[PDB]
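Beneath this line is the structure, given in structure tokens, with notes to follow.
Every protein chain of the complex appears in place save one, which is left out.
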Amino acid sequence: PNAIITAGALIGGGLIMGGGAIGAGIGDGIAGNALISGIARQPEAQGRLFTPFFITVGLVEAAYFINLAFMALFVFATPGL
Amino acid sequence: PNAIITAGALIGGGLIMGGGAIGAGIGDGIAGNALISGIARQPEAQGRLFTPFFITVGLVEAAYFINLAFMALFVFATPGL
Amino acid sequence: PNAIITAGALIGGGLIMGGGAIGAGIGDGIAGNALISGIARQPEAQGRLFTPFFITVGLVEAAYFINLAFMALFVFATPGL
Amino acid sequence: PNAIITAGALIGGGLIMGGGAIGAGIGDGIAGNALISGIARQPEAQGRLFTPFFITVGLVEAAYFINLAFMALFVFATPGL
Amino acid sequence: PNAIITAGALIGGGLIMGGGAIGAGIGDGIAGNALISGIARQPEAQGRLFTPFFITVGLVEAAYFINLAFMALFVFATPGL
Amino acid sequence: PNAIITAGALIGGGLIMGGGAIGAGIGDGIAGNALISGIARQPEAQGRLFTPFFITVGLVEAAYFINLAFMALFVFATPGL
Amino acid sequence: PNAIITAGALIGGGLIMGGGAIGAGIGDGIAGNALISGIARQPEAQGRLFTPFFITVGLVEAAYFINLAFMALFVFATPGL
Amino acid sequence: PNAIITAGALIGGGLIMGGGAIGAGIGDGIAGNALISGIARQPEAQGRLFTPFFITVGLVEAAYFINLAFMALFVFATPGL
Amino acid sequence: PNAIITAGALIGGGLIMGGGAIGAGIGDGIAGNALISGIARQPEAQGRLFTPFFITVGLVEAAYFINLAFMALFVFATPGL
Amino acid sequence: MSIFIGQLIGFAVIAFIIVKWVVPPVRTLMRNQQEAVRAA
Amino acid sequence: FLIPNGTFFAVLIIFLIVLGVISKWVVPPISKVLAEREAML
Partner (left out) sequence: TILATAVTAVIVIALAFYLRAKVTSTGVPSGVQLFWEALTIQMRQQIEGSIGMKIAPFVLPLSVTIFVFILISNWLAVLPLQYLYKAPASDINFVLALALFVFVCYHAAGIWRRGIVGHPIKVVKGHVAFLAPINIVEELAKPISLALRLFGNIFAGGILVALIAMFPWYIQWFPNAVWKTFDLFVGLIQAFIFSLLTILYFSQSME
């Protein structure tokens, strides 16, 4: 009954947030790596390099929140209960 | 009953969206890294680099969104139901 | 009954596209990264650099679509059902 | 019985934290590399780089805690139990 | 009955094609990155540089095919059914 | 009965500690790459590069041993039981 | 009965081939990258680099074959019966 | 009965050792890469790089073998039995 | 009965060999990448670079051999049972 | 008994390997330091 | 196998015994020797 679907839902919702956190963390770290290694060359780059970074971090994190939304959709008001 | 398949479906959709989000985050990150690194060097170049980056992301998310779409297939229509 | 096989099928099929999207996102991100770095370090070579990338991506996506097709085989036309 | 709903949860939560740890573990590193290498190349910049770093981690950690938070939500509060 | 066997077999076959696709995408990408960068830094190289590429690709894609074969063995000719 | 909960607690804790080991190892290694390369390219920096390295390793270990911490809570206390 | 053992056995054989293929593809690519970049930087360097390469490949591919052997043991010999 | 718990414990300990393996292998590789590269950049640096090297290799392994110390605890000394 | 523990054992051993092969392949590959690039950079350093390379390979292969041993343990000795 | 037979075979193998490969460089480095002390 | 017993204090005592042995006997003569080698150099 509903219990089995609920357990499946929590497990899928764990997978979704886990993969999302992996992608987000590693991508944000890579973007930060580019930013830190660039701001190392010339300081004047700061206000410039912030634009692509917030784009990259903007896309990368754009995945997590969306995944996070679907996470709730699995665990709260689960499909097919 | 179809409860079992529904649990499997939620878990499968979670796998789809998890791998998709890992790919999307890490891909947007690796692309943004090249962008930030090629804009830290020679910033007058930036207007070129937006053409391939938006191409690369265009592919990465092309993988992600469709993954999400197949997720919507597993979770809201549950093939085999 | 058929429920178990459909559940296993959906789970396997989700794994297929999860792995496929990891591969596709990270691979085409690395490809785009080389493209961005090259079009930065050598814009004259732009028209050259596009020839291998469409090849590289072509293989990466060549794997993923192949996966999605087998996904359709696992989910809709489940073997052993 | 209802126990099943908890079992998956203790599984699901692990996927939130464990994968999160990956995003936490690698991102804190990929960033520090760009920091460390800077301290190797441009020693005087040790102060400047700290801001591009703290933001990168500031984003990466922002994921980890969030996952941690929802981890408790799966484990202690057990939605739909 | 044997149904559980087929379910496990589909799960396994999905894992095989999944790991295969991850390896294929990411390896073809890491190769194509060297290719794009090497045809940027040395534009004439296109002729010789394809040969090492066809080697590494040959090893990556083969790992996929041996994988894609064994999946077909798991699902369509299930061992131990 | 509560046996299922115990199995799930162990499995989830294993996921936690395993993802933690993945992230912690890869992060400590990526940090050691910058440390070793800096100490290879300039030895006088050995005094200063040790500073950010353990600032970053600390951020990585402070993930591992946190995941491990929750893992103990999973295995010995079993939160839901 | 043996049914559960055989289902688990297929799942495990798939996990083995999956991890093996991830490792094999990514490692063969990481090797082909050094090979391609070197053969770009030095056309006449081929006859050197293939020696370290077939060495590295020989290790990575070995990790595959061993796994490919043990997968058979899991799936076509079914230990524990 | 206890059997369910023990199967779960084997699975969990397997996840522990697998994550530890991924982490430790990839990290030892990333460290050896910086070491080999430094010794290529400065063939006489070998006596110098062992210090920062084993600092890393340990802090890396400080996950894997720790996981292993817990792996036995799950497999040989099953908690909560 | 014992059959369930055996199935868990096959699954766990699969996870162990999976993580082992991922780590071993990617690590031997990264080390080989460093070696190939260094031998492309210093045709004469071959004999000095074979030393740190075999050290790194020895560490990673030690990880993989320990993993293989615990795989034999799970699959053939099957703790518990 | 059997595991002891294998153990002693293995210990002979390891002693052989160290004696042949590891010992020569170790003793040569020790002797180099010894002679370098012999300077003073 | 992660539950200590009195073995702990025994190993702490023997380790401190070795530490005293070393601190008194080994370290001083070797430091003096390093200084005297730096002199003769």
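We just call them A, B, C, D, E, F, G, H, I, J and K in the order they show up, numbering each chain from 1.
In this section, a residue touches a chain if its C-beta (ideal position, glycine included) is under 8 Å from a C-beta of that chain, and two chains touch if they have at least 3 such contacts.
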{"item": "Hidden partner chain, residues of chain F it touches", "value": "46-47, 50-51, 54-55, 58-59, 61-62, 65-66"}
{"item": "Absent-chain interface as seen on chain H, which is shown", "value": "51, 54-55, 57-59, 61-62, 64-69, 72"}
{"item": "Contact footprint on chain I, counting only the chain that is left out", "value": "58-59, 62, 65-66, 69-70, 72-73, 77"}
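Here, only the chains that are shown with their structure count from here on.
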{"item": "Between E-G and J-K, the pair with more C-beta contacts", "value": "E-G"}
{"item": "Chain A-chain J separation of Cα centroids, rounded to whole Å", "value": "54"}
{"item": "For chain D paired with chain F, centre-to-centre distance based on mean C-alpha positions, whole Å", "value": "11"}
{"item": "Per-residue multi-chain contacts in chain C, two or more chains", "value": "2, 4, 7-9, 11, 13-15, 18-20, 22-26, 28-31, 33-35, 37, 39, 41, 57, 64, 78"}
{"item": "Shared-contact residues (touching 2 or more other chains) in chain K", "value": "none"}
{"item": "Residues on chain A engaged by chain B in the complex (per definition of touch)", "value": "1-2, 4-5, 7-9, 11-16, 18-20, 22-31, 33-35, 37-39, 41-42, 45, 48-49, 52-53, 55-57, 59-60, 63-64, 66-67, 70, 74, 78-80"}
{"item": "Complex interface listing, chain K residues touching chain J", "value": "37, 40-41"}
{"item": "Residues of chain J touching chain K in the complex", "value": "37, 40"}
